[PDB]
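One chain comes next, on its own, written as structure tokens: the form deposited in one PDB entry.
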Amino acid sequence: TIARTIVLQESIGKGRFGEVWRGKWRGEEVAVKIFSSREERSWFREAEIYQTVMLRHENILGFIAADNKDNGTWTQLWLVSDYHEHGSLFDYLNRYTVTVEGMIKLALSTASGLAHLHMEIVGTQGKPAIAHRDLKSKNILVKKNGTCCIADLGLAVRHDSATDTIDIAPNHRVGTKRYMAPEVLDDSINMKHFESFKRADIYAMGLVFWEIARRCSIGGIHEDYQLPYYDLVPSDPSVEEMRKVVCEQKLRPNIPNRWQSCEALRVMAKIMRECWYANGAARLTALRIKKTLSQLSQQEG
């Protein structure tokens, strides 16, 4: 009844997996992700993560539905969600620069979002903890009101506190190598302990903060948009190329000394460093970041 009443209108972006279309449902715009068949190894999974959990949060892409429309003629598996015109944060930051206020808004929303993803609520109608495993600029969307919501939860992993086990994801591809935390690049991570996934999620978010802050324009001064490590690795970096940079050379994205001439950038800069520790156990938690960013938010307005 759902996919059936939806009319596709335009291609909004290509996902290394599938792609997205802006559709129309009962007078409203909606985003629809259609799976390339062989890409099913993620349709059910992505549907599952968006469903099996009580993941309703203003900072997490609002899930509408999943409809098996395997065409009596061909393969059409749908994923229907809310539609955010601005698109990915990556697109956003590439096209615009931001105010100090915008920067906080963006970084706070993202943090509160992952904080909710990571939070476990044990009990009757509880909620299992969730680690994203592929947090990056391209998998975060910016809404009309200037706040973010996490997306592309296809590679996420759910922690079963009852049995302290991990509901593994059924697929044949890990995450984006450019954002892989150190313990993941050197393969020392204990993928059997859920905390490690959240810690890796954190390192990745710090990189995203770096991308946002570089675009915070004050006095007309800001840096061009650049991905983390643009100055140290080629496009589509390999594990080897990242590991030598992040693990051997112990190099992190550069923090302009000017980011200390502004309170908000001084804080963001502090959070970044505290997310990039080689030792995940020493990194800040998403809840913690939300708190400090929240406190910095009220101060600014």
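Think of the rigid core as the biggest set of C-alphas that the two forms share within 1.5 Å after superposition. Residue numbers count along the first chain shown, from 1. First, how it differs from the form deposited in another entry.
- Note: rigid core superposed between these two forms; among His57, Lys244, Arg41, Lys270, the CA shift is 2 Å or more only at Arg41.
- For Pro170, the Cα coordinates differ by 2 angstroms or more between these two forms after the core has been superposed.
- For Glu28, a C-alpha deviation below 2 angstroms is recorded between these two forms after rigid-core alignment.
- Superposed on the core, the two forms barely differ at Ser188: its CA moves less than 2 Å between these two forms.
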The other form holds:
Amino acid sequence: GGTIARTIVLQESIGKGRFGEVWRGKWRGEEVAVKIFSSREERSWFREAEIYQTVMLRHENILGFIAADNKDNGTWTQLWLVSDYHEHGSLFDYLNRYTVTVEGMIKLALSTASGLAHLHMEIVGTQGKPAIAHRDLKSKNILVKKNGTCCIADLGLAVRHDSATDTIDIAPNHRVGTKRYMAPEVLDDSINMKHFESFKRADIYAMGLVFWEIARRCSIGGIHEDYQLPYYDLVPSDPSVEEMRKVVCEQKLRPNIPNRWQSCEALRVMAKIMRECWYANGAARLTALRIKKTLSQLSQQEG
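Alternate state requested, the form deposited in another entry (shown: the form deposited in one PDB entry):
Excluded here are partners and other molecules; the one chain stands alone.
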């Protein structure tokens, strides 16, 4: 029969995605993550399997895809996605559970930038990678590995660009992602969605919000902040598009950069990246590659 899903034994319920339910599984002795969709969730399943099967997608800071499969238990067909297990889980869960070192922060920050710069960069060739925008970049969708670098999951909302024709592989809706991480252009309806660079610019904003969440947990000599989500101070816990538009577009607040980040050098680089990631004009924002370059300077420096 089939060689993946037949041979996997589910052990623990991890939790829900947007669609489909996440499990700890044993494959051939090794631990795996399994994500399971109903027969009516087939568009979501297929599209996510389509993105992970993009040629040249595999980076150390993208989640390692094993396989899409079917599994008939006897009553009903389950649609499976199988991946690498990471015991720490999400960047959200890690930053709630733990503080980090100075070296710890940059490992989390660099890897997330490297992941998105890989995802964004077109690789021309016969085995050629399309440029890929995420559309839902957040701490819940980034996983943390056992080495303490990150990898990006939740590519099911992603869009892919052919540079020759200048087309996106789907006709994209307004307002698909997590409402809290939606960029100002996405919030106020103003984003042009036959411009591909705009979707990349929308991802850099949200990585800025992820970079804030990490930098709060940086324990220099006692002193760290608590875990918070971006706009904990300014919106409710499941916030509306209306509620988010009033803070980000109308009032023009980033997340608040505290005083003691000015003392340490590594936090000021991160603080400068954050405030260069927030910008209501998307064209003002940095590339993931310029962020990757800058953090890779800081990594190969301070003694």
